[PDB]
Each structure stands twice: as C-alpha cells, then as structure tokens.
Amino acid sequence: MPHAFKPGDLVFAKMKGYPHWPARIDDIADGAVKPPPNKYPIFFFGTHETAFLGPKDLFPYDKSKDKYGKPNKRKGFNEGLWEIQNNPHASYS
C-alpha cells in the first residue's frame, strides 16, 4: 500500500499549461527556504527548476510512465526523460 510522498520519490508533476513533467520530490538543505504547508519541493528534470506542489499534481513515475514518458517539444523535456530514467538521484546543481 502507498505511503505519503517522501524525498527521492520519482513522479510526473503537473503544472497549469505544461505537460505532466518528469520530476522528483527534493530534500530541503539545511538553511534553505522551506515550502508552504502541505506543499512539497518538486525538482523538475531537464529544466532543473523547483516549484512547490501538493499531491493532487503528483503522479508516481512507475505507474504513470507508460502514459506520460514520451517525447515532448517543450524545452528541457526530453533531457528530463533521460535524467529520470538514467540518473534520477544525481546532483543537478
């Protein structure tokens, strides 16, 4: 049975106006800015951008990859597909 989301989990994350996007739940470094309540820090592969999202916009990657893991015209998306498949827990800083 599913647990709550935790740092390191792999997802497709949905933002308004963008396709479901390969991403991970990030940790928060000591001294770093914390997300709002009920929000997680999402790192988006390919773009390497961070936004704060709740579970309604988070699709676990294993279940969802057949549907959402296909190339997209959008900037950074196909780099992002490589990262989530090949080195999803690397430093991209």
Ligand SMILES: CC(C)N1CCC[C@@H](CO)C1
Contents of the next structure:
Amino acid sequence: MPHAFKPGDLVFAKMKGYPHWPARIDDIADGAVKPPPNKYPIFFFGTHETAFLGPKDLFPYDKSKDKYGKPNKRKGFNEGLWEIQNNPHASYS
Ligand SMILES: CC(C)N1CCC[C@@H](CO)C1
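Please give the corresponding structure for the form solved in complex with this ligand, as opposed to the form deposited without this ligand shown earlier.
Whole complex next, starting from this chain.
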C-alpha cells in the first residue's frame, strides 16, 4: 500500500495552465525556505523550477507515465522527460 510522499519520489505534477509535468519531491536544504503546511517542494525537471504543491496535484510517476510521459511542445518539457527517466536524482543546480 502507498505511503505519504517523501523526498526523492518521482511524480508528474499538475499546475494550472500547464500539462502534467515530470518532477520530483525535493528535500529542503538546511537554512532554506520551508514550504507552507501540507505542501511539498516540487522540483520540475527540464525547467528546473520549484513550486509548492499538495498531493492533489501529484501523480506517482510509475503509475502515470503511460498517460503523461509523451513529448510536449512546451519549453523544457522534453528535457524534463529525459531527466526523470535517465538521471532523476542528480543535482541540477
Ligand atoms: C509547469 C512548470 C514547469 N512550471 C511553470 C510555472 C512555475 C513553475 C514552478 O513554480 C512550474
């Protein structure tokens, strides 16, 4: 059975106005800004942006890749598909 989200989990993350996007739950570095209550720091592959999202917008990658893991015209998306498949746990700083 599923557990709660934890750092390192791979997802497609949904934001208003954008396709379900390859992403990971990030850790929060010591001394870094913490997310709001009940939100997770989501790092978006390809764009390398961070937003804070709750579980309703987080789809586990294994379950969802057949639906959401196809190329998209949007900036950064296809780079992000490579990242989540090929090196999802690397530093992209
Ligand atoms: C869809 C995704 C790559 N972006 C676009 C909006 C900003 C970013 C994180 O704040 C999420």
